[PDB]
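Enquirer: Here's the letter readout for the chains.
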Amino acid sequence: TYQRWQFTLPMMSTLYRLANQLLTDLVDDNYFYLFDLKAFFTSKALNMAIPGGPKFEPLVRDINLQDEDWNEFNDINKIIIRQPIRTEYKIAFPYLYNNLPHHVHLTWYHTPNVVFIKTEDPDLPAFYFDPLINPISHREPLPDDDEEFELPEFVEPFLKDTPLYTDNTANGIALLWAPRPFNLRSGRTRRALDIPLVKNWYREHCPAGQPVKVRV
Amino acid sequence: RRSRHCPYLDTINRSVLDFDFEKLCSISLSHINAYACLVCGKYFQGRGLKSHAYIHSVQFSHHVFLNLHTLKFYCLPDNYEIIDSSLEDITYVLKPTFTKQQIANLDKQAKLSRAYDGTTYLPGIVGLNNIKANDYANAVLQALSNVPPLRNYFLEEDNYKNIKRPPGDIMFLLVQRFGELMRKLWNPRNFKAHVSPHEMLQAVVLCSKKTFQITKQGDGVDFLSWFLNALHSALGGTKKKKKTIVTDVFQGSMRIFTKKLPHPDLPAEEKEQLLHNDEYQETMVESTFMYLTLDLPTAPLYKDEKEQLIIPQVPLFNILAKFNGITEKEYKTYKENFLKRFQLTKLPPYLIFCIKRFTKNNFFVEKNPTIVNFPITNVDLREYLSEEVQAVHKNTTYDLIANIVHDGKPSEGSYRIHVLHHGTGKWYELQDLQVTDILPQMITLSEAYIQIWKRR
Amino acid sequence: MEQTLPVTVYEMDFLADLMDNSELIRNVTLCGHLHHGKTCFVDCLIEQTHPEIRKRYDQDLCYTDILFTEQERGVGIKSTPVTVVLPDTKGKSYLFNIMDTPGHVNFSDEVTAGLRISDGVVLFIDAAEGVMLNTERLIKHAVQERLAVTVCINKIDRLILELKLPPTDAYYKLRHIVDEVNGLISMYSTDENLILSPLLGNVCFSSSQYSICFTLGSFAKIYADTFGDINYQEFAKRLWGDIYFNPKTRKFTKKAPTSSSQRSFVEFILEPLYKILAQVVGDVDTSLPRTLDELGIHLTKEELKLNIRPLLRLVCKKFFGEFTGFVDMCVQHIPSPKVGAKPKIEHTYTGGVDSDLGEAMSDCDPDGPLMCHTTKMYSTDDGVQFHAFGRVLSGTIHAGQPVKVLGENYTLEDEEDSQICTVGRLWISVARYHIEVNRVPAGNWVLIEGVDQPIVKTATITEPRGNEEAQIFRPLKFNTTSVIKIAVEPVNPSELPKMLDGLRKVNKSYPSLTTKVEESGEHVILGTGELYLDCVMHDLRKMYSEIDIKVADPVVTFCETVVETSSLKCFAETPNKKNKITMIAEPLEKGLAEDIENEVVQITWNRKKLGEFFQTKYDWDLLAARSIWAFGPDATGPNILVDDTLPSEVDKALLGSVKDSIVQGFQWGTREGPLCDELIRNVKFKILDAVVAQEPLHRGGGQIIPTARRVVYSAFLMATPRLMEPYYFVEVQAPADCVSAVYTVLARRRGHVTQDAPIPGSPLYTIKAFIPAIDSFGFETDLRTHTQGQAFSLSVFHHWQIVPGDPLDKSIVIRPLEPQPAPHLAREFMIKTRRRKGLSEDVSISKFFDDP
RNA sequence: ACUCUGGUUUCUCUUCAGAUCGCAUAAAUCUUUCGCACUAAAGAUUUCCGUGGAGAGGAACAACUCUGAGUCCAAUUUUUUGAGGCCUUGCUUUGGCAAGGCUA
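Protein chains in written order, with the entry's author numbering: chain A, 224 to 362, 369 to 445; chain U, 100 to 555; chain C, 105 to 956.
It is worth saying that the hints were derived from the structure and are not from the lab.
All clues stand as given, with none of them false.
What follows is a list of derived Cβ distance ranges for each label pair:
id	chain 1	residue 1	chain 2	residue 2	range
1	A	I299	C	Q107	52 to 62 Å
2	C	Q107	U	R100	55 to 65 Å
3	A	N287	C	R250	57 to 67 Å
4	C	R394	A	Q226	23 to 33 Å
5	A	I299	U	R100	49 to 59 Å
6	C	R250	A	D298	47 to 57 Å
Stretch-level coverage of chain A by chain C, calculated; a stretch enters the list once three of its residues show a Cβ under 8 Å from a Cβ in chain C:
id	segment
7	318 to 329
8	385 to 393
List of simulated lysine-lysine pairs, PhoX-like, C-alpha gap at most 20 Å:
id	chain 1	residue 1	chain 2	residue 2
9	C	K602	U	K309
10	C	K646	U	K308
11	U	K149	C	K561
12	U	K340	U	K263
13	C	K646	U	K309
14	C	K602	U	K122
15	C	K620	U	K149
16	U	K122	C	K612
17	A	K389	C	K355
18	U	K421	U	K445
19	A	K261	C	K646
20	A	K278	A	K428
21	U	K231	C	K602
22	U	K122	C	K620
23	C	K941	U	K141
24	U	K308	C	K602
25	C	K763	U	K149
26	A	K389	C	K352
27	C	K602	U	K315
28	C	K581	U	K149
All residues carry an ideal CB built from backbone N, CA and C; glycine is no exception.
I would like the entire structure built from these sequences, with the hints used as guidance.
Expert: This is how it looks when you write it as C-alpha cells:
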C-alpha cells in the first residue's frame, strides 16, 4: 500500500544532503518575523500591506481619515512625532497601534536563537570547538585531597566503553535542525500533488536584487 | 470643636450637585472612599493626606466634602467632620429612599413639592432624561413606577438587599438600581425636577447582552416583558422564588384552551373522523400571564362611506373578546392549525394590556392606527371569568392608571405616557422631560400601546 | 473538600496534610530571562506529578501560561502559581509552591508580585546564552528583597546539540556562567555567605526540553543506585571543581594525572551525557539498544520508533527519573515558611519584627491571628470577578469567614481604607485547575474570593474584632519604572462606562499599571513597554470591556529639573497676606538622587546618622546636613527640602508648627511640577526665610499648602528649568555579522552603543545601548526587520537624561506635525505635553509670583 | 529462568471523524459589501481530489521478537539474641497478671 515509511538516520542524512539545493538551511522561524501567516492575517485584517507581503481588498469598509472632525483625542497639536509609525509597528502590536483591531492574530514573538554550528569538514570531530564559537576566557569550596574517599572497583563512568562520537553523529545532529520533511525518521506517504517543492521559496523574503515582475 | 462651626458651608452650591451617576473618583476611577465635593460636584477618592480629594481641596480651594457611602460631611484641609442639620437635605438627595412616597403610586404625591430651584413638581410625576433614543425605556419605567405595590416594595432598600445572589450574577444590578431609581423619582425634596435614568439604562444594557441599547430605541412591549421577567428572576435569591413582588403585583393565571385542528385540505368525512382522534380537542395548558397581548383588528383599508374619520375606532371590550372564553382565534404554525381559546382564571391586582400595533407584513412593518375606545374609570371583567372563578374575586372593577402611547412611524417613533396621579385626580402626560396636564377625556383618543389598570 | 480533580501520583488528602506542617513547605519563585525554560520546567514537573498529562511530540505543552494571549505570543505574561507535592532524593515528599514568573523584562513587575509571597528564588539561566539582562536585574531584585537564591542552568542540551562543544569546553562554559552569577551576587550583596556553586548544591543543570534535570547529589545517587557500595554525598562533593580522578588509586586529587585526564565533572557527568545524547541522535538504529541495556533502560518497539526529540525526552526521563535534584536544591537552601518568616516580616511588614504582631508572625503558626497578604489579582474566565492571590503569614483563613481587608493607604491613625468582607471560597491554585479547600493554614498560597472589591493592587487580610494594632505590608517596590504613556478613549462615548470598568479591571490585573484621568478628561495608562501595553490593551478590549477602543500613539512621561540656582530668592505669601515663605532652588549633586531612590538614605533614620551621611559622602555643612526636612514628593523622593532660616531671624518652634504643611506643599509641588505637570527630579529646595503667623487659625490647612506649592514653582522656574527624557537600556543578542547593522538602527534613534562584547562560548554578541524611550517605539521591530529577525533586543528603563533643548524658549517655532530637530526638542516636549495635560498654551516665569 | 492470547501483508464493505480529517489545496451556488466582479473581499451551503479511527468479511504466509498476562545476607543499625533467675504491692481467672527495685 506504500502508506508508511521509516528510515535509518544515514539514509535521511544522504537524502538531506542530496536535497540541499531546495532548502534554505534556516534553523529558526525568526527569519519569518512579521512575515509569517499570522502577520499576513493581521495585515489583511487591518487593510495594510507588508512591504514584502501581499495586498488584499479591505476586510471592512474603511472611513477616510479626512472624515473625522478633529476631536481632542486625535488633535495633531498634541501628538509628538519622532519616527513615522510604520505598518510593521502596527502589525507587531495590533492592539496598541490600531484603533480598531478586528480579526487580528497575534504574531508569535521571538524564539530563542538556534546557534547550531554547521559542520563543513567531515574529518573534524563531531564535538569540536568551531572557530565560529567565541573562545571562552578562562579565569571553590573543594574537599581536601587528604581525606579518605575511595571509589569501589565496580564504579566507572556510565558509558566509558561507549565512544564520545561516531562517524554518523554530526549527520544526526544536523538532521535535528533540518527542514520539516527531513526532521522526521518515520512518516506517512504523501501524494506527489500534495508536496509543494517550491513553497518555502516564496514563503521567504524575495532576494534583494530582483526585477519588478518577479517581486510582484 | 471645629464641627458645627465650619465657615465653608456657604461655599456649597446645590445647583451642581448631580448624584444621578456612577460614584467613582474622577481621577483614579476608584469606587473606594468616593467623596463628592460640594463646591463643584465632582467625585474624588479618599480622605487622608495624599488622596485625590485632599489634593483637590488644597488646589481648587473647595473645602467641603461628603462621603458618598458614609453620608458624612468633612472639611479636608483640616480634615474634621461637619455636623449641621441644614445639610441634611443634600444627603436625602444622595440617598432619597422614598419608602412612603413610593408606598402608594409613585405619583401619589401630587403635592407641588418645591425643588431647590423654583420648580414645583409632584413626586412620582418626574421626567426622565432622554439619553439619545431611550424614550421607550423611560415610558416603561414610568409605567412600572406609579404602581403603588411595586413602587412601595422598591422604595425600601431592606426589602431586597438581604436576598442572596450567585457570585457571578449580574442580574441583581437591575434590581437595586431600579429601587434606587424609584427613590430618586419619588423624592419629596429633590434638587431638580427631573431624574437621569443613565445608571438604570446602563444596567439594562449590560444585563440584556447588548439588547435594548440606550442609543437605539427598542419596542416598549418587548422591553417591558424582558424587564419584568428579569426583575422576577433576579428577586428570586439563588432559586426560583415562586412568589416575588413582580408576580404578586402583575402576574395572573389564565386558562389556555388549545384545540388542535385538522388540515383544511381534507375531505369532510376525514375531517370529522379526526374529531375522534382525541388530539384535535381542547387541552388544559393553563399557565400564568404577566401581561395580556390584545390584537387589534386589521385596518379597514378603504374608508367607510360614513362621515366618520378614516381612522378606525374599536371599543375596548371588542379587543377584550379573545379572553371571553367562546371566541376562537385561529393559530397556524408551519403545517399545523390550532384554535387557542383563552379564559382568565386569576386577575392580578394590576393588569397589563399589551396592545399589538406593529405588525410585520410581507415587505415592511405597519403600525395599526386603530383607536381603542376604553373608559378610564370603570371596567368590569366579571364576564371574562369562569363562574367558579367569579366567586373567588370580590373585586373586578379596574381603573386605568398608566397608558403608554406610541406616536409616529414604526421606525422614527416616540413614546409618551399618561399617568394618573393619585391623591389628586389629575392626569399627566410625560414625554422625556416634558410634563403636561392632560385632560381625562383625551386619553382614549390616542393610540394606546401598553396599559396598566388597578383592581381596587 | 470533595470535587472532581485530575489523576495525580499523590493524593489530595496528602497535599492538604502537608499544608498544615510549615516545615515541609517551600515557597519558590522560578524567575529568569525570556525563553530560558521556566515554563517548560514547570511543565516537566507537572508531567512528573500528573500521569494523565503528557507533552505533545511536536508542541511543547505549557501547563502554565494559560492565557490566550500567552499562547498566541509564546511569551509568559502573568505569574502562574502551582502547588505540587514533589519527592526528594531520599523519597520524602515536600509541598512546593512555585510561582512561574514571566521572563520578559517588560513584565518584571509581575516577578516582583511573585517575590513578595515567596521565600526562595530559582533563577533559570540558558546554558548557551548565559547571563542576560533580565537575569542580572532579577538577581539584584531578589538579593535586595532578602531572598535565598539558587540557579538552574537550563538547556544544557544546547551545549551538546547546538554548539557541539567538547565536554571540557562545556564544563568551562558552565563554570564561567556560575562565576558570573557569583560576581553579580557579590556586587549586589555585601554579605559573602551566599556563594553559589554546584558543590554546595545551589546549582542544578537542566534541559526542560528533554527532561534532563540533575544536581551533583542526584546524579551521584544515580551512581549509588547502579553501584551500591558508593556513598552519594561524598561523591557529589568530589564531582565538581577541577578535581581529577585517578583510577589507578581510585582517588580524587586536585593534581591532574597523565596531563590529559578530564575533571571529575567531565569524566563522570558530562561525558556520559554526551554519549547518551550522541547515541540517541546519531547511532539510534545501529547502536541504541546496547547503550540502553548498559544504562538499564528498556524501551518498547513502539517507543523506539519515535522521532529523535521524543526519543531523547523518553530516554532521559527513564534515566534521570524524577526532578529530585531540583527538590534537593530548593529544600536545603530555600527556607521554609517557618524558618524564613523572620526576614520576610523584617523586610515587608511596616510595623517591623519588634512589634508584638511582628513577633506573632515570626512563628508562622497556623493557630494565630490572621495576617494573610495577597499580591496578585487573578481574573476569572468570564472576567467579572477577581480572586486575590497571596500567602497566609499567620493564623488560618477559612471559607465563609468575616475578614478585614486593609488597603495600601490603611494606617492606624486613619483606618478608612479598610473594608469588612466575607470570604467566599478558598482554592489551592494549581495552573490549569484549582483545588477547593475549606481552610488554608499559615505559610501557604491561597486564592481568596470575595475580597477583591476594596483592593486595587495590594491587600492586607486580617481578622475583624482583633489585631487592633495590625498594620499593612509595604506596597510592592518595582524593579523598573512605568514610563510609556498612552491615552485611551472609547469609539462610541455612549459606552464610556464599560471602558471605565475595564480600566479598573486592568488596574487589578497588572501590578505596575497606572490608570488615571488628566485635567483634560483624557484617560491615561502607564506601561513599561510596547509589548506590555499591547497585552494590556488586548485585555482591555477582549477580556474586560468588549467595546471598541481608540488608542493614541505612545508618548513617554518626562521629568522636570533645574541646572543652576534661582536667579533671585523667590517668595510667596498666603491668601491671608501673612506667612511669607522665601525659597530658592538648586540642582543636587551627582548621584544624590540615585542614592535617595535606591534607599541608600532614608528620612526614617535619626537626625544624627542622616546628618553624618550627608556630611561625609557629599560634604554638606553640619547645619545643612541637619536642616533637611523631607525627601521629594513620596518617601525617598529624588528632591530635597531644606530650611536655611537661621534661628535668629525665624523661630524654629514656630516654623515646626507649619513644618507639616510646608512639607505637604513641597511634596505636592514636586509631584506635579510647573513645566508640564510632571515629576520634579533632582532639585534641592532651600527655605531661605519664613514668616509665620502666631495664631493657629491664620496658618495651616489650605493657607500654607498652596503657598508652599506656589513658592516651590517660582523657585523651580526662576532656576533654569530643563526636561528629562527617560533613557532605556537595550541589550541586543545578535550574530557577529549583524552587530554593525545594529549600530545603523541605533544611529536613527539617537542610540548610543556602550559595549559590543561577544558571548563567551557562543557565536553571538551582546550589543548594549542607551536609547531614548520616546525614540524607542518600533526600535525592536526595526532592528528585527532590518536584520532578517536574527537580532533581538530587550529595552528596560535605565535613567533620566536632560533633553537637549530649552523648554522655556518662546522663540522656537514648531510646526504641528514635524519631527523637530534636537536643539529644541525640549521646547516641543513641553508645550505638546502641556496640551495633552490640558493646561495653558505656555507657562510664564512670573506666573506664580506675587508682583504680577 | 518455564507456559497462553494479541500476528503481519493485502482486498472489500459499513460507520464515525472540527484532526493541519490534508505539514496540501480546487470548483460551483446563494447572500452581503463597496466598485460600475477572472483580474474582489466577507458569510454560508454543496460537490469533487483522499485520508484517518473503529468494525465486519474475504485470502496471503507467519506463528511467539515485542505488548504482556499466567509464573548470593550469623560478629553494632531490624531476621541467627543480654537471652534467663530473686523480692514487694493490688487482684488472685491460686495459672499467674500490672508496676518498681535487683542479680546477670
